[PDB]
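First, one chain by itself in structure tokens, the form deposited in one PDB entry.
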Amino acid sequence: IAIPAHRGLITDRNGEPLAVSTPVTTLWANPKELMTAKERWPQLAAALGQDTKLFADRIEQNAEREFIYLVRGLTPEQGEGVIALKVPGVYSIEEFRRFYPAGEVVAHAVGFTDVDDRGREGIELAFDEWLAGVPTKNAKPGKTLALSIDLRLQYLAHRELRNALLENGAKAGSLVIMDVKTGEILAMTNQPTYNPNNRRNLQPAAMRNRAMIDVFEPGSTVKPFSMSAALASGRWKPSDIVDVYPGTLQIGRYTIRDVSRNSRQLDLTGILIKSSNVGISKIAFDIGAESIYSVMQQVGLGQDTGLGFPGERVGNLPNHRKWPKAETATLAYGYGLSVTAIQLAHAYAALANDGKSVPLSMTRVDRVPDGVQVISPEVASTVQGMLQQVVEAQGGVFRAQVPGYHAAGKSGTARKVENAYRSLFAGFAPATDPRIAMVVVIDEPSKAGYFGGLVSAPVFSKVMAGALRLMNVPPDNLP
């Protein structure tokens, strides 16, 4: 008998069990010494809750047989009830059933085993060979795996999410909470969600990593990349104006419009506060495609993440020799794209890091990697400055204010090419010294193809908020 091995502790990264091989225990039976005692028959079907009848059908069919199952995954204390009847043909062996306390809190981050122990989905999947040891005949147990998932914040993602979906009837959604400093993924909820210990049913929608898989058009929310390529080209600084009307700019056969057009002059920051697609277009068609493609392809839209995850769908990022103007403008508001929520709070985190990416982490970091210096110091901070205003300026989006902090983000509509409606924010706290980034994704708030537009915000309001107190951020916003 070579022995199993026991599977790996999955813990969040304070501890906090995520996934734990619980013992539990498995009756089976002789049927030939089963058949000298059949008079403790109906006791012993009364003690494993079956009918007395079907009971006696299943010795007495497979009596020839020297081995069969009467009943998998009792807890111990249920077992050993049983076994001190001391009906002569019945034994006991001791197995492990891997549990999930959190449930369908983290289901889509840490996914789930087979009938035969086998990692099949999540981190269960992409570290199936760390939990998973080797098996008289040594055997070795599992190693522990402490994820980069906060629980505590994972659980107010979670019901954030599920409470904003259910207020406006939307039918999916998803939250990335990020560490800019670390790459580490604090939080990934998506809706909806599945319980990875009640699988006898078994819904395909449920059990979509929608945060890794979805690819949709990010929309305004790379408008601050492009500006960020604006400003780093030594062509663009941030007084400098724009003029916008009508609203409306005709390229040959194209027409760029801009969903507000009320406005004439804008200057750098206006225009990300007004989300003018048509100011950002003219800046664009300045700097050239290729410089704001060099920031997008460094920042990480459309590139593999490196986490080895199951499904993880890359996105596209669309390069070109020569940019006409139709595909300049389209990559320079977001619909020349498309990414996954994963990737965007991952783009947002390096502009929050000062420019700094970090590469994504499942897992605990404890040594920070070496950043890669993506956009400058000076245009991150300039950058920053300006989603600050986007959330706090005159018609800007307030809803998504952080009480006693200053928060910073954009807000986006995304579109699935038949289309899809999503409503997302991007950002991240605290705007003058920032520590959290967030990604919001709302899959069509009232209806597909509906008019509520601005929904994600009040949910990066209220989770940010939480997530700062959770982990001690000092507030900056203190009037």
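Residue numbers count along the first chain shown, from 1. First, how it differs from the form deposited in another entry.
- When the chain shifts between the two forms, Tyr155 and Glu39 travel apart, each with a separate rigid block.
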Contents of the next structure:
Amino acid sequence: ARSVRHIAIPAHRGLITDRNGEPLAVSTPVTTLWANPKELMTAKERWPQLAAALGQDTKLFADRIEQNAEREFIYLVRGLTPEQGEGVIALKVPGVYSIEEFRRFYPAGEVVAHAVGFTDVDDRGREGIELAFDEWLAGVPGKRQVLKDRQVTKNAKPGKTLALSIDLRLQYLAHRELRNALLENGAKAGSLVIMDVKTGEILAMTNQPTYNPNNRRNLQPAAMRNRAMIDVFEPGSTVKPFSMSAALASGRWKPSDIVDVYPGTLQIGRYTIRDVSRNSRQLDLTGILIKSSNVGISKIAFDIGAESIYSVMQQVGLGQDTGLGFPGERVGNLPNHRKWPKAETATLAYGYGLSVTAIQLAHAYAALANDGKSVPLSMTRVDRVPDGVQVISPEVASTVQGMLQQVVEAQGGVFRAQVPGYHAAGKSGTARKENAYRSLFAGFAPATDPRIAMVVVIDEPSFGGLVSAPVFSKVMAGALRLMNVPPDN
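Target state, the form deposited in another entry; input state, the form deposited in one PDB entry:
Partners and other molecules omitted; one chain follows.
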């Protein structure tokens, strides 16, 4: 006879904003027209008109309805504009019932595709923050009891608003400047991360290529890769500052100390360490960074032991889980030994023989920039800064800052990374993913009182000091002014 069923009341997905309340993802009303074939089978004369008004072809339409003649349920079309929802309801065709639904809209579109991600066909997070805070954002559906035609038991609770760490103004600046860089250098891909060194907040994350999450018809997986969180690479010279941090915490090294790197090579039994530039004998510790001397950093590493270097790299988060619970986040690899031989010691010190993400590197540069105090990474607005872990002594961190300032400013330095108005600090490198090439720059500013850490990755520009550095310069200048950071020069 008659029958009692239940249909679930969809929940309104929580609003996602940038840190200033700029909407980044919004649940917009749509309508999903369904039908009762049993009843539809009674109004076959109306089908061509229905069909046309569903874009569906006349005969393909009717084939469908006939095939499913017995089924009392079938969707016709998911999520139309509520107004086309009338275009069909204006035909009042028997067997045609309708659900009220939400579809996501992304006002900033491609600018913040990866960080925000997108929902699937069921209004479920499938990428980015949409997946990562799916529970917080997805409400709790309600339930209605339906009298099967031959009271609401609990009404739906709405999802909660989420304010991200992203500053949409710095995001636009980063998106633009990394797009321009890729075209000028004719590169395949790239990431740029901007981090608040005090709060752990990700102020900007951008990858190229990007996509419009509002129109994913011709989506490609290369476009959807959140590179900053999933591409792992050997950081090269960009981790030498952590090697130097251990040098200075050893008791055995100070910045004015000299190393002889003549003749730009060093035999390690069978191995040969080889410098990218071999026009040096005596270098101070700053010189070792300015020249990116692998012989220099290797000799210091032999003197202090790999353990001390490995320990700093671990404490600043390299090859460690970020705790950001994003979907396909790669952890990379900070490999350990009982007995570190010379080759493994040297390759760690000059930043081959580990793998890191752009996010991890920026996090580590944040720690150093924050006078050696690690703060947990956040993709949500931080209101109450958690207590940091003091992973490098303030004094060592201060010393390494000044050295990195000289890397950018000193003669022979990475002059294309200077930020006009401010003193900036950082280090270029030439990473490996065969073995792929990326140009890196990693830095923070202002050098004497840091606020912002930044990493730039540029995949196969068809050097870090030549390619990534000028992007760091342009984007840092803008970030600092957008954040009303006072010039320190």
